[PDB]
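2 protein chains.
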Amino acid sequence: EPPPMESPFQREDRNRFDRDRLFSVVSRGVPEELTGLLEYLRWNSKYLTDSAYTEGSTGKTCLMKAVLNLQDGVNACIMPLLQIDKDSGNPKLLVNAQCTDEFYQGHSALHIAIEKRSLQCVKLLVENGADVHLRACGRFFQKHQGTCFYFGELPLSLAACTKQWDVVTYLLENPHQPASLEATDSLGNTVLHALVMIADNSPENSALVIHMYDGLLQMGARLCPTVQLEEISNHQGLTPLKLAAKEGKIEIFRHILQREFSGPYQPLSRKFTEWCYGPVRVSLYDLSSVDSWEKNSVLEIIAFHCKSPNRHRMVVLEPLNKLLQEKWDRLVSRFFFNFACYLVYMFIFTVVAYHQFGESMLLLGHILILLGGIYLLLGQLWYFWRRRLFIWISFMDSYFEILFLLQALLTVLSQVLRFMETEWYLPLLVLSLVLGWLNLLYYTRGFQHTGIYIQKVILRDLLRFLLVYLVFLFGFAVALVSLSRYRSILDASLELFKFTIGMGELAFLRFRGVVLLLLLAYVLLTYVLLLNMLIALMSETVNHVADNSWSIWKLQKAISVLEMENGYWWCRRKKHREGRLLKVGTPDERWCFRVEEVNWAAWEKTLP
Amino acid sequence: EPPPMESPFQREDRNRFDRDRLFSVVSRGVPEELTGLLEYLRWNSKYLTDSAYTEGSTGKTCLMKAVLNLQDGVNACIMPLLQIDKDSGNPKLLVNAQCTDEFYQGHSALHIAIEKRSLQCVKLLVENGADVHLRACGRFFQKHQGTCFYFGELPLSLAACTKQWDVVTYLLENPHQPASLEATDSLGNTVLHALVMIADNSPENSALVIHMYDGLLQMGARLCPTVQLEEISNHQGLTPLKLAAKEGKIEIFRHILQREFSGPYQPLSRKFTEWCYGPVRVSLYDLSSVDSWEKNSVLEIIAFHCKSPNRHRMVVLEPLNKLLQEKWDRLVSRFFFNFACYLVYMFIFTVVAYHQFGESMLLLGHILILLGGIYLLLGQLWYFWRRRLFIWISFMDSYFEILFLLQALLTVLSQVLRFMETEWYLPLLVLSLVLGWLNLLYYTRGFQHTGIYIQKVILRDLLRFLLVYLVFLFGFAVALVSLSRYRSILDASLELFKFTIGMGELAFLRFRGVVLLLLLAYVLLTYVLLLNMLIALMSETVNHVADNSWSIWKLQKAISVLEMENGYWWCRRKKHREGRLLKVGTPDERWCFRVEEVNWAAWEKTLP
Ligand SMILES: CCCCCCCCCC(=O)OC[C@H](COP(=O)([O-])OCCN)OC(=O)CCCCCCCCC
Ligand SMILES: CCCCCCCCCC(=O)OC[C@H](COP(=O)([O-])OCCN)OC(=O)CCCCCCCCC
Ligand SMILES: CCCCCCCCCC(=O)OC[C@H](COP(=O)([O-])OCCN)OC(=O)CCCCCCCCC
Ligand SMILES: CCCCCCCCCC(=O)OC[C@H](COP(=O)([O-])OCCN)OC(=O)CCCCCCCCC
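So the sequences go chain by chain: A and B.
Numbering (the entry's author numbering) for the first sequence: 31 to 45, 74 to 414, 429 to 525, 529 to 560, 590 to 612, 616 to 693, 699 to 720.
Numbering (the entry's author numbering) for the second sequence: 31 to 45, 74 to 414, 429 to 525, 529 to 560, 590 to 612, 616 to 693, 699 to 720.
Worth double-checking, as some hints may not be accurate.
Note that the list lumps identical chains together, so a pair holds whenever it fits in one copy or between two copies.
[Stated by the list, open to error] Restricting the straight-line Cα-Cα distance to at most 30 Å, the calculated cross-link-like pairs of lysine-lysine (BS3-like) are: (1) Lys-174 - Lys-144; (2) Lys-201 - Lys-380; (3) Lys-104 - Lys-329; (4) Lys-717 - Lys-174; (5) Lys-174 - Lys-690; (6) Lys-353 - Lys-681.
For the record, the hints were derived by calculation from the structure and aren't laboratory data.
Just chain A, same shape as in the assembly:
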């Protein structure tokens, strides 16, 4: 149980001028009651930073108590208190004191002064030696589930996240101690990473994050021109663009990708207008950390490292849409070659399963099946060894890989069982047959007519529905079997399930009426449960949700393209860089991608 940061109704725990009198004096704003505190500390060789003058559980000092009780942004005890601190000859400054609790670790008085929105307190603390790089690494300042406020752990990041431009300006340009825009917290996050991480998809917050990000970029260009603030990576290796891509923060993501400035801040732009003709606008976009020719690119992060539901809305933005379209058009022939090879392998496997000189052809077909199963096994194992996180974070768009792996495993295990002359090779062969013929439907995503053409529901409510239904099934099965001693529990469950799915009838002997009552109860309960499932499926459709199947199709195609670009396991494909190296101003050479857009509606609004 963390204690409150400031409580008007609870005294601080402890786990002549004492702590209680000092706290009561600094909480009312009268400095004249501080007379005699310095002499007591000098006589007792005491300091106003030790455990006796601070809260025992946290370490909150009298300075922090004074800043927590501001009166119109100013407290009259802060300067006298720091004067007593200076005159006492304290080796450790009171202005740079931090709490030691695991909940408020690193929290200082400058953080409180910034949070209370008082430029006077911040100015007064900086002049007396406040460190502007003190990191608040407690659990209250980390982003997790519960009561927390993550802002980047830094005073400058706290000022930027709270919309205080005057505080940011004073922290960046002061004669005493300039704050650094390149400063990082415990996670390696800069102020731009912090602005990305506090961003949700709400419009007001998006406008806030965009404004603060643009202003900090401009002031960084004005103050530290030689360094690139957007090229700094945190401990996960992510730039703010990559961090926006991973966390699904769509608005700051589209703002960073399509950032255009006119005038002195033109080098800070990532989109450069090339030429306009009527409703045709042709622009050049920066491909820095966007093109997949580097590792850990934005495309790779969106496809295989993000878990947000905004992924399909992220691949339809420019320049990502045209880039993925060009990559797909480059890889159309490779996709359908794989489809044709898989179709031939299914055809051979089907012929061999149907026909289970003729002996030689059958052996050749069997060894072709074995080699194809080994190839599909090693290909899927390579995919899982590379991308074990992708299946975990998003099962809804990667279950075909598990199906291919299962089909390859069943094929190989059926063939080795056949070589050992076990008769059970045929069931596994026909299971591989049906599984591969189902797996042929993966390649329907190559066409728009078939790729766009309940999956979210059956991955979400299937386990709960199964729980309720097998509770019903097991109870009625044990009731029917124990009344018939229907021979075994599995037989009764099978009969009830086959009747429920319409595959068979019900067998109706003493106590026939009770058996009939049990059957009526089971049938009505299953009807109610299936009606519940049917209502749950009406719930998603009738609520008028816009059609996202096209963007989901482009996400599927992006995943397919980013897999085909690496080549096969046995032969790696050479990576080719997209865009061209062009100079966009002062020599600032960037790899740019040309995107041409036609928008009649936007153009006609500009027409006078």
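With chain A's structure known, arrange chain B with the ligands on it following the hints.
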């Protein structure tokens, strides 16, 4: 890869005053750096239009580069550059230079000056000899799929499509070279055709197209009164009204049909108010190119030449609604006579099929069936030979014609098989029987009670559903047959399909549990697929779409009427002209149709 029209970041390809220095001078707006260019061209016998001074891939000249880099609508290098062109004695004028690339063919500097919305540049180019009839026929200026801007290929059409009335006025009335409103592009399209072709159904764009169309009609009446601008046909034989009808541009279509002016522009009207009494308003509408007594009329184009989904919304406008109603009321007796003849032919065919002196009556019935089949065959073949495009562009409202043709073909082929004494005549006879009795439902469109009473879905998702379902069926069938060696693949597919549609049961032998598992998997997968189809059918209905079955009924009746007006194949019907010849002002005699409307809501708003 077409090069950019103007790139601030890429130099032009090439596939002392040179091209690079000249381009750099004309792109900054300083003419004083042009000193010495004329002497170099005179000494080298060079011209500023050759391949050495233009872009190699396109042919873009220095003049076009100068106009592409305007500064507040004016560039100070254009007049000195044209002065050097005049003094150099160039046989071909620089002001009339065009690009030669397949993407920008015919594109000149006047087009750029109009697109940049600079009256000063247009005036300066016209005074120095710019041709106002230069046609930009490149792929960027044709309407297709991709990056393009179609405007009519002409400078006047470009000015009209971009909402520049001052530019249109200057191009039409200037002392140097007057542009012609009768000028056509490569497709024969005038400026009115171009305004129709750039029209979509959005309200702002519709208001734009209406305003420009009306202004150009008024200025054409003021400038060239003796000619009719709306009577000009392009290379497809379409007037702007017919082009609006074919392309489905509903707003400009209703504006052209119901155009009413008061005062001097009264001859430009197509709707003339005759008399008003309370909420009753009675008007006269022009029937020029609207009545079907001419060929290629608006009714013919809407019914059989348009593919837009706005066709049913086009036949409910005045005067088309009352015209089609009058034609239908004139052709009610002809429709039900055809229905009665077809009903009698079905009755005879049914009696003969049921009864497969009695021999003579059976032979007479058989030859009556044969003659009726020949008549229906030749009637449908005539329909297809006339209207092969109509079935292709709209299958949803013409499949009954294919069904009638199929029924006639099966009838004739069954009769010739019967004459050859092959026993297989009876299956084809009963197929013709059921097909004709289904085809009897075509005539339900004659009544409002039955004509208004999923078809879009089963013509759109049927192929995709069949693909997925026969993938399921074929895989489970080969798995079941290869596990039973269920005797053949077709037998197993038939059994599974019959169980799926409820027509039969499932036959359940070694490996019975694996057979059961395959059957469970197939049943659950088919349940999921049918549930997907059911959800897809909920999607259209619950989204609150307005009832368009009445307008779809009138479209069906319009198709029926426009077919009955031509008569039968053996006897052509005489065409009668609708409306009456009346003088509507200065002698301007038009064939007019009287339409009476009652609108209480519109009338009461005018009441003070
Ligand atoms: C014995 C084969 C040895 C390798 C020879 C070259 C085979 C072609 C390689 C190939 O194109 O892969 C085809 C297909 C790829 O599956 P996927 O990763 O696209 O799907 C991934 C979906 N998640 O994978 C298959 O279909 C395997 C078929 C193996 C036999 C191929 C017969 C034709 C040879 C030219
Ligand atoms: C355990 C073995 C049997 C179950 C696996 C069945 C094999 C896969 C067949 C399948 O899922 O159908 C694929 C089809 C299109 O997939 P997609 O575009 O959503 O691309 C895939 C990524 N979303 O989707 C549909 O047509 C809808 C019907 C889906 C069938 C039931 C769901 C099966 C989930 C395992
Ligand atoms: C042997 C017939 C020789 C011609 C004699 C005159 C027959 C009447 C002609 C007629 O009205 O056509 C009837 C019907 C028309 O079909 P449809 O174009 O309306 O439908 C088009 C739908 N898309 O087409 C038919 O039903 C064919 C029936 C032929 C026997 C008629 C028996 C009654 C004779 C008076
Ligand atoms: C291959 C032979 C068997 C299939 C053809 C069936 C013969 C035609 C029967 C039919 O389509 O029903 C006609 C009826 C009204 O048609 P309509 O007003 O939409 O006018 C027709 C123009 N839209 O529409 C309905 O009542 C709805 C039921 C439709 C039946 C299934 C659709 C068949 C499509 C071929």
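Right, here's what the structure says about each hint:
1. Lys-174 - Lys-144: Only inside one copy: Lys-174 and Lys-144 sit 25 Å apart there, 69 Å across copies, limit 30 Å.
2. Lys-201 - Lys-380: Intra 35 Å, inter 21 Å, cutoff 30 Å: inter-copy only.
3. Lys-104 - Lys-329: Neither: 61 Å inside a copy, 40 Å across copies.
4. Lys-717 - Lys-174: Answer is between; shortest inter-copy Cα gap is 16 Å, intra-copy 44 Å.
5. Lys-174 - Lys-690: between (46 Å within a copy, 26 Å between copies)
6. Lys-353 - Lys-681: within (13 Å within a copy, 62 Å between copies)
Going down the numbered hints, you'll see the structure goes against just number 3.
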